[PDB]
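Just the one chain here, laid out as structure tokens, in the form solved without the partner chain.
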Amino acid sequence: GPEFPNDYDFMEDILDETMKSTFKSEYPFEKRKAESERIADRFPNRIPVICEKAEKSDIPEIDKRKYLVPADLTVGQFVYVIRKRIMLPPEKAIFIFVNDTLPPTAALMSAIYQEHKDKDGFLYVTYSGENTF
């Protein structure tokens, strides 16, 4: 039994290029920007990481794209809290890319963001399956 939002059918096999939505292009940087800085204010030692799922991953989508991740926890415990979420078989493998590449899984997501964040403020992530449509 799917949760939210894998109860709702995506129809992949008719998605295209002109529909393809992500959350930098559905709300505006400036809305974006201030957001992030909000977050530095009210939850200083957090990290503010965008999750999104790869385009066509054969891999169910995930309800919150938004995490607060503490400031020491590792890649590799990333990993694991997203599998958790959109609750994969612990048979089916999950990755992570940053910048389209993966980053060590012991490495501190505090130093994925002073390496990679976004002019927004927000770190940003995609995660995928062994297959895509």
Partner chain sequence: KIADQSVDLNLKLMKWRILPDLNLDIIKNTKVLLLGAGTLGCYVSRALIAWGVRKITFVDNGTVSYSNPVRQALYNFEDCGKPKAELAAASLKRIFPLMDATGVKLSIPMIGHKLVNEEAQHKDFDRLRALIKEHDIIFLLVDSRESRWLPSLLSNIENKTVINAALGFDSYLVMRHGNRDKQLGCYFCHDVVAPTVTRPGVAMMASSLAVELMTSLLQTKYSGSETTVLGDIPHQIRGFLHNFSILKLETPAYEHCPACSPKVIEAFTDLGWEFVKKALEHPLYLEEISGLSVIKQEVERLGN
Contents of the next structure:
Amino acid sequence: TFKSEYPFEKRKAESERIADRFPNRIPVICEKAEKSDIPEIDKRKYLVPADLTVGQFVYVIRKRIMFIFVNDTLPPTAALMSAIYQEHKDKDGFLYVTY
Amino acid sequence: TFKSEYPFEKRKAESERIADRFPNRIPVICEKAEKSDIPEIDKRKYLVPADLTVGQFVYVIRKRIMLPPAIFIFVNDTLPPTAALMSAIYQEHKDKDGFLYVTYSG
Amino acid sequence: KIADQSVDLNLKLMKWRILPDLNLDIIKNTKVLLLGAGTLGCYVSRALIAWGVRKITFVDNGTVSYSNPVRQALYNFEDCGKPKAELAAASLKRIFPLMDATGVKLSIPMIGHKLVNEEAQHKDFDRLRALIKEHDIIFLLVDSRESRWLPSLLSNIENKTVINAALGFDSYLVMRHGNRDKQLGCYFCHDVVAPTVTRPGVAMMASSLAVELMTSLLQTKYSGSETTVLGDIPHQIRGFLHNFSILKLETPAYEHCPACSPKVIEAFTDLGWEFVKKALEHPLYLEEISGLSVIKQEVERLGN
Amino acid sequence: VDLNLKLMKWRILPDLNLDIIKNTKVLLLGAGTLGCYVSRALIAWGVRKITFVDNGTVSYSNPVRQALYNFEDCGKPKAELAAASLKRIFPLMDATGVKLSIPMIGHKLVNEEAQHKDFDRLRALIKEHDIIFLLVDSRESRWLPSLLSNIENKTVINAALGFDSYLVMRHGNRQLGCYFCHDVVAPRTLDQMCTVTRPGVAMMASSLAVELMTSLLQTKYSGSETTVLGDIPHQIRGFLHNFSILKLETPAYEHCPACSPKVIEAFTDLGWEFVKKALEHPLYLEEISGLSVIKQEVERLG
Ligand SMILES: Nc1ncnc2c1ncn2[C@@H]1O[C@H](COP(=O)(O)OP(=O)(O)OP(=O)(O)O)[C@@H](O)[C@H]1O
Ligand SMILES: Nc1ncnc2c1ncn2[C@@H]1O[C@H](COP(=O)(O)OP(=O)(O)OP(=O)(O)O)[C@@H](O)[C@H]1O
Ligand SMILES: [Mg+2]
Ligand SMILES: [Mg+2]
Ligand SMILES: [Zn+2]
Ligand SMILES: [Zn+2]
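The form solved in complex with the partner chain is what I need now, so please give it after the form solved without the partner chain.
Complete assembly follows, chain above in first position.
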């Protein structure tokens, strides 16, 4: 997993570096759940724009691997990534999601 | 409750007697849910005919407590359909003492 | 040529472009009896001809009222005073002139009433049974349950498929009757199993669902599923306008139903009109025959 | 006809406002299967003024599906025929038909002079009515009416059909999403001009669309989204294959090619000059709405 690879001090660091360099972007991290058998994509970290919707984010993942739950909660397709960021951002500053 | 008042030896004895005096009837114990606030029933032991439906058994309870128009019946933590026959539920949710235990709540 | 082809071509396009295994011919050749040419009968008949149904027969004993045209989609303002069944048939032919559209002015005898003319209502009973026997699907589209009983019994006896549509103020029930062959319930099973002016949209919803249930029901059932090429074949559809909801329900036949009880079937088979005339004037005799009498007297002994 | 409605009020729903429904001026964009069944549901609800808009003529296959036309009507223009048909039902109707082509997005202009006049007449018709029903058979015929009705702050009720499903939804006002929000927020037979639908679908969508209007016209119970007639859903999706109805609500999308504030402002400043460019070059619309920037950011992340 991403959290396993990097410690918190490095996670919170680049996150706070993303805010100053790409403030319009939102640092999001995705990885398939253990139960899902779908392909796992080529990338995990994404600097999605704040005005991006979840449904638009589904399109980017389906393109990278031919349902997207977050904390036992599948958000509406119409939800913006910036809105989900204000409520679900981790202590490091990233937005962790799964599918 | 009914099972608290009588021990199993007495319960299974009366139930096996009911099968003699009334072969085509099902012994039903009906009690109010200890949480819900519906008028407590006055009679709790019912000898209903085998072909009686759930909805017909709902009707007799509603009038047994003079409840004006909602009533729900429960058997072993499920809501049986209204079209079900009491014999079919008695065949499946029967207790070892020979009684069918049902509960009603608002 | 373009007369018949236009409607059928539209349906062929639907079949070959979307649902190749759809059976259009079974629908087209289905002979439909519409009991009631009111709001439901008018909308049902329009959906049926759009599906290519060639033979539709209206049964109705009423005349067009001044307020009918605004709700009953086959009648115009100039039609006030005219008998409904023949007019509804003529109105269908104005839409699609190749229709085998027929109207029969006929009173369905109603249970719970003293006979006003034994000879005439006997003749009406014979005509009703003959009409049901010659058709394939029977739509029960009369507003009163006392008018549903005789057609339900005759259609069951004649082994025809019945589709009931009934309206509440903001709700509707569409259901198909069980047949004799694990038998499904009929319109009268529920009220004895569970004893205790409409919004314009209700009839439009009920009519279209009833026809779409029929067309699905006419397709061959997939093995291992209660579905067809057109989808589900539910027993009952209940819809509500106030919350824009729709529920599917299924009910078994009830042994003591005053309509489809095996004893009621047996008594009709034995006596026909002789049994019917007694049931019409004394509905309590029906509950005796079906066994409901013993059930009701038993519900008393349990509740007293 | 009024007596059946009058009984509905005091015998059943005393708080039901019938006058607001009767005096609602209704514009029907489309006199096909939806327009015909919608208008019948409307007059049953007592609506007095109904205007049909259609640029078509009755085809041989129309009468069995379009409940205002008879066999003898084939070849006649639809809009005026539909209005006269309503008067055959209810002679006191204020029913009129207007033969007008709605300019469709994604097409070069065939006759700018005539299509400019049609644009003007469309806007004046939307302006003079209270409720606009969008009952055409294609997405491209929905754009301009959706924009103009939003500019004129009129309530829009959209109905669209698939082979065995339907969509009924009302447009938000300057807020809820519009018809064009979903497809760009969530990037098959529904609203496809080549789709032949199961006959019952148009009947269901039509009645629910009108029942939604009558409820929407009633006052809201405070602390709730309900009226004396029940719910006022944003979207209704019905399916025939499993006899289900699903309700859904979506917010207005910032980069929608129809209701985005930047699209509103481009129209407000440039008018027909913006509309003409949008009709012939829809990508120019996505540039104005900001969808272009979002589309190329989905591209880079992919
Ligand atoms: N026993 C019967 N025999 C034959 N036809 C009947 C019988 N009972 C009812 N009908 C017909 O069934 C139809 C029911 O239609 P519907 O209820 O939609 O409208 P209505 O009752 O005619 O008028 P309204 O809309 O004012 O109720 C009526 O046309 C009526 O004439
Ligand atoms: N751009 C437009 N401007 C004006 N009217 C339109 C436009 N696009 C479609 N219409 C009208 O809207 C209606 C669409 O409804 P519908 O699809 O039920 O009718 P149809 O296309 O004539 O019938 P069918 O689809 O069975 O061939 C048609 O009557 C059509 O004439
Ligand atoms: Mg009636
Ligand atoms: Mg079309
Ligand atoms: Zn029955
Ligand atoms: Zn929009």
